[PDB]
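Starting from the known structure of chain A, fit chains B, C, D and E with the ligands onto it as the hints suggest.
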Amino acid sequence: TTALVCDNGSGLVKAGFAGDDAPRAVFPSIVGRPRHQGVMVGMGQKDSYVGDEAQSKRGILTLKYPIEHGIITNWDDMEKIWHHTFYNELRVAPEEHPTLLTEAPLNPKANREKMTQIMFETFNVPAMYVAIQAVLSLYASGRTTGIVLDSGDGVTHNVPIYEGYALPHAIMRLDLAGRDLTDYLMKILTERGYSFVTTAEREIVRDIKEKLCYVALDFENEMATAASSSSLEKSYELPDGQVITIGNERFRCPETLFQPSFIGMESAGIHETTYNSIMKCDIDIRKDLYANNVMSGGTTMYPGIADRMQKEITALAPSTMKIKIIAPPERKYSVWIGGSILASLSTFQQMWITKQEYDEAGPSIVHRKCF
Amino acid sequence: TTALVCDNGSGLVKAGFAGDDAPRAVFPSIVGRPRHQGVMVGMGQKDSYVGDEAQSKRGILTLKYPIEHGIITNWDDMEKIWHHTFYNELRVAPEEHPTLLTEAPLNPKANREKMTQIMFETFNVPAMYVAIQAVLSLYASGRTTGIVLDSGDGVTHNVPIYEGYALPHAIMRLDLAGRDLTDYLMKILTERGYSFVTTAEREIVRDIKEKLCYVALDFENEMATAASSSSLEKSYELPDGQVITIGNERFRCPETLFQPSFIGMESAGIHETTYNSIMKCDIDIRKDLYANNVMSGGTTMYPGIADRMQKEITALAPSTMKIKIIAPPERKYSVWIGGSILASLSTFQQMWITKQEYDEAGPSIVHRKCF
Amino acid sequence: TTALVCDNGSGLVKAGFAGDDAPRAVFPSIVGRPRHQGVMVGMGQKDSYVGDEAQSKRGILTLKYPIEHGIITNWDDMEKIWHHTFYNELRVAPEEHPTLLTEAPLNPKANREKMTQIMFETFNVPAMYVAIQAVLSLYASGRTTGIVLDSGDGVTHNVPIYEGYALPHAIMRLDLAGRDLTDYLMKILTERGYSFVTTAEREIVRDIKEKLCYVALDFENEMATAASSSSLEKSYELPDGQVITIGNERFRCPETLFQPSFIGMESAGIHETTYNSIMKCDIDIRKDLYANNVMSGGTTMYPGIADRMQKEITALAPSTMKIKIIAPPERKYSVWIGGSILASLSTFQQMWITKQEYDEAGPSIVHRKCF
Amino acid sequence: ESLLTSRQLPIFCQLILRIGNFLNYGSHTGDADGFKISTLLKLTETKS
Amino acid sequence: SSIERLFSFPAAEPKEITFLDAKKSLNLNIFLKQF
Ligand SMILES: Nc1ncnc2c1ncn2[C@@H]1O[C@H](COP(=O)(O)OP(=O)(O)O)[C@@H](O)[C@H]1O
Ligand SMILES: Nc1ncnc2c1ncn2[C@@H]1O[C@H](COP(=O)(O)OP(=O)(O)O)[C@@H](O)[C@H]1O
Ligand SMILES: Nc1ncnc2c1ncn2[C@@H]1O[C@H](COP(=O)(O)OP(=O)(O)O)[C@@H](O)[C@H]1O
Ligand SMILES: [Mg+2]
Ligand SMILES: [Mg+2]
Ligand SMILES: [Mg+2]
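First to last, the sequence lines map onto chains A, B, C, D and E. Per full-length UniProt numbering, the very first residue in the first sequence carries number 7; after that it's consecutive. Per full-length UniProt numbering, the very first residue in the second sequence carries number 7; after that it's consecutive. Per full-length UniProt numbering, the very first residue in the third sequence carries number 7; after that it's consecutive. Per full-length UniProt numbering, the very first residue in the fourth sequence carries number 746; after that it's consecutive. With full-length UniProt numbering applied, the fifth sequence corresponds to residues 600 to 611, 626 to 648, in that order.
Here chain A stands alone, though its shape is the one from the complex:
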């Protein structure tokens, strides 16, 4: 039958049917539990709001994220997320539809074991497959080789791929993505006096980050320009109607991606991670990799990130060699889009994990059948 693609991302879950180009159900992965005292009788109000329902009524809810740094913390919340996306958003029976899953590199293996156990016992499927997200991002670009910097909501990871084969030892991971940028933006909005402490306010700061933040091409000049004149100041309207204005915080926030020492991380920026990932590979396969930077992830939506990426890599690279940053406009959904591409092939049909294979091999064939 028609397959499903469910990118169970760290901040947003993108589900939809195979063969399609637009993901049908994009909704944030949150669980909203009430905290105040109910006074209505009539029931109706649930003890847990999941998805857009928790977003709409967020002023009276504690929001819990089940996924933290690409690791599912609360399995009951993620089961509720899976139940909501199977039964309410997409409205499909799980036991009659193939379903493709995505997973970040260098994960703990027991997380994959538990996802395999839930997808074969609770929401038991005819078949499923667990695959690396950067591979599917490269498959969205229509190319076989290249390097993917996937910067999601918990994990920013670099994966170089040669001829459809992801090189395992050269893949690196950095626990710095959109939630940490949101927390740093929440930290630096207190300088202007705008306090944000609740989990509901994190969505407002995230919306500020989505709508107004941008990557500076040169950070020091953008400091000098924003401190000099109020040209880069931009105003935002809050849900209660207050208008804030932010200046340098539009580009102090994504600069944590290029300077992780702002939030105390010792590790280097994403350009250095990309460069050292490429120097971890062989020399002869380097010629594909500098010319095929395919950026992906929701954090890569900031509209100065491609030129800054090209500038930092061309500063780092040997000068004799082409740098090309392929940044497609739909690279937020490139995990889902590439999932639809891979799930809509007759060549993929022999690669599925049937229920019978799960029964003879336990929930441990996912470490063997899936690379």
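Since the hints were made in silico from the structure, they are not lab data. Beta carbons are placed, not taken as given, at the ideal position from N, Cα and C, and that holds for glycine. Don't take each hint at face value.
Chain C is nowhere near these chain A residues, computed Cβ spacing over 10 Å in every case [what the hints assert, rightly or not]: (1) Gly17; (2) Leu112; (3) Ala349; (4) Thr360.
Chain C side only, calculated, beta carbon under 10 Å to chain E, not exhaustive [said to hold, decoys possible]: (5) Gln123; (6) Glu127; (7) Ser147; (8) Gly148; (9) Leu348; (10) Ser350; (11) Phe354.
Frame of chain A, contents of chains B, C, D and E with the ligands only:
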């Protein structure tokens, strides 16, 4: 040229000289204005009473706190507070004396700009330094490493320092201290029939909180004992001669520091904030920070709070390692005592903000000269 | 006059007085710089911690290794290492004591030029000597002939020496030693969910490697035993009090010494390096090297490496003659012990490098003097 | 072409040659009429 | 004068009658010293 230390806290302004043991002038930070009609002509009618005069005549005054959660709101009232603490309490010319002011971390920067502008243009100094209060508490404690929980009247903040190095990513701030405890103590004092609505009655409920309240070691057993037997009930005499009797409100009031969901705030208690600040630190230094929990501030004057902090952190910490809560008997003035230690340090003379540096750099050097 | 023996290895500097059995000063070669902000004015906050002070206070220190892959990369850090090991550890004047030093095979000549210029211009000595580490290890083994596999922290080099003649063409070098094992152990601990990303955590993972890891006698049987029964799991206590438990990572980490394809190197294990070193020798002297397989360096401290090494060579070499592994218990300090043997010899007075030789022949007489 | 037309680099290497020929007096490297390109990276080695 | 001020140096039974050469005597001494 001796130095002045002026902790301009939210509740109690504490000022004195450098090198002295006890703070010379401790008085509450209130500006009181008359609200009735003066009928008796002559008599020198002040338009505003500041300090202990406003405390004594409080039955005919609207009292206002100029500082709210460490952010100075009314600047004319705070100017009158500084005018009172210089020209009436200490009786010193500020033009011949440097001044060390204290500030809560994660403050609005414009507040720091405005104390710089007033303190160099209205009460113009040879020098002034704005310092974090927790570092001064660790000065008065004498130890170099340690995590400091400072809880004044408006701000409860955790700052961890290891071997002379603060960790700014692990600094956290919580706007919950003794003023909110006073308001919550009023709100639970309405259960027994005693009404307190005016600004004068804040002083009486604050005195009740100071003199009778205490931190329970176990909250549930203390609830069961106060519900069962009337042994924990205590009587207090009002200024009009009436006698109130309070029971469980002695330990339901400070429990908001350990359970902030009483007043509806989403954040967790001070022990969870301390533990999360230690987990935000690096893994090698947690052995020093577990053994050197330094409390300070007047909110920790309750005579059960050290055992509760030890019990909560020892519950949260691994059991292979000792927890030691450093609670000096004079920890109310430890911010002032460490300020007097710092102002008497010979090394500290080189990082005074001079008037020359203020003129040559605007009110902007206070972000770069201070922390 | 007592000479000084100071092996300036990649891992740990081992120094002491000559004519002795044990080095008095063993300390790791790291330079630690603080990455956070100092707030505590005074008490000797020195900007660059060296050696044991950098090890003890490592939770706030970015640690740098001056010797990387047996090559002195950073020179000012190495000068600080030499200053600490002369002035603070031994507490001796360099101008009244000879100082023996050690070096890796196939070193660059300008490295020897720079070390000679530092040992004669900055730290003035009466005399000094540079020797190959394998030669001194063979001397401390008490034999003039034999093949030495010296595996330090960056370099695993094979050197056969016949009757004091170190064969230059048969020396080879494999860049796989203890720091690479530590980085691989960081990589494979993330499967169990333990994250170690900072340089401070490298010392903790290195201590895990030193305390718990061991060379498997058969890899596939240890896979079968580890997958079957959880008897080989061992628990370790972190400095923050947390306890981890590791399973197959005790022997998957040293197996990189026999299978470099784990970290992605095309070269084979140290056994094939030893064997290909043996075929580069004359066929008359191969028999003596088979019975004289000497090891040195702390990467040979794993307590299963000798029997596995004998098994690997006996598989590789023809079984017609005898294979023997020389693995003394003090082969960690056998470089230092061989230096102490060589320093106190009556003949060794005429192979000293004087200051007059330095002034006549530059810092270049070490090339024509030593091998 | 800039290296061909560099006038200041003869003056600089003349000054470095004069300072080095003063410095290595009494050694075999003294009385030098010239040196290699890599002398410039070795200039910071001699410290005060 | 400044160069001499700054970069100058701050430092202002022998026979064993062995018939053997140095190499064999050195090998013998290293061989003897293990006992
Ligand atoms: N238009 C945008 N501009 C800036 N950031 C965005 C935008 N859209 C999404 N993001 C960030 O990306 C995150 C979602 O990224 P996503 O691709 O879903 O990663 P993952 O799939 O790993 O969760 C959101 O939390 C948000 O902060
Ligand atoms: N004996 C006491 N028992 C309980 N609480 C006290 C006691 N003394 C003072 N407090 C509380 O501590 C606060 C004083 O702390 P302090 O740091 O001096 O505040 P500030 O400096 O902001 O005026 C007062 O607001 C009061 O509510
Ligand atoms: N007991 C041990 N078990 C396993 N490995 C060890 C042990 N002791 C030291 N090592 C490793 O071997 C190295 C010992 O250093 P050494 O060989 O003496 O000098 P260097 O490696 O610096 O040239 C260290 O880097 C350490 O990682
Ligand atoms: Mg993603
Ligand atoms: Mg206070
Ligand atoms: Mg060594």
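Here is how each hint holds up against the structure:
Listed as a non-interface residue, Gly17/A keeps its Cβ farther than 10 Å from every Cβ of chain C; the least gap is roughly 20 Å. The beta carbon of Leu112/A is not kept farther than 10 Å from every beta carbon of chain C, the shortest such distance being approximately 6 Å. Annotated as non-interface, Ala349/A keeps its C-beta farther than 10 Å from every C-beta of chain C; the closest such distance is 28 Å. Once the 10 Å rule is applied to beta carbons, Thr360/A is consistent with being away from chain C; the minimum gap is 24 Å.
A hinted interface residue such as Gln123/C counts as satisfied when its beta carbon comes closer than 10 Å to some beta carbon of chain E; here the least separation is about 13 Å, so the hint is violated. Contact between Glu127/C and chain E, as hinted, is supported at the beta carbon level, the nearest pair being about 8 Å apart and thus within 10 Å. Interface restraint check for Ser147/C: the shortest CB-CB distance to chain E comes to about 8 Å, inside 10 Å, so the restraint holds. Interface restraint check for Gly148/C: the shortest CB-CB distance to chain E comes to about 3 Å, inside 10 Å, so the restraint holds.
About 7 Å separates the beta-carbon of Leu348/C from the nearest beta-carbon of chain E, less than 10 Å, and the hint is met. Restraint check, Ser350/C versus chain E: the minimum CB separation of about 8 Å is within 10 Å; hint holds. Proximity of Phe354/C to chain E holds as hinted, the smallest CB-CB distance being about 8 Å (cut-off 10 Å).
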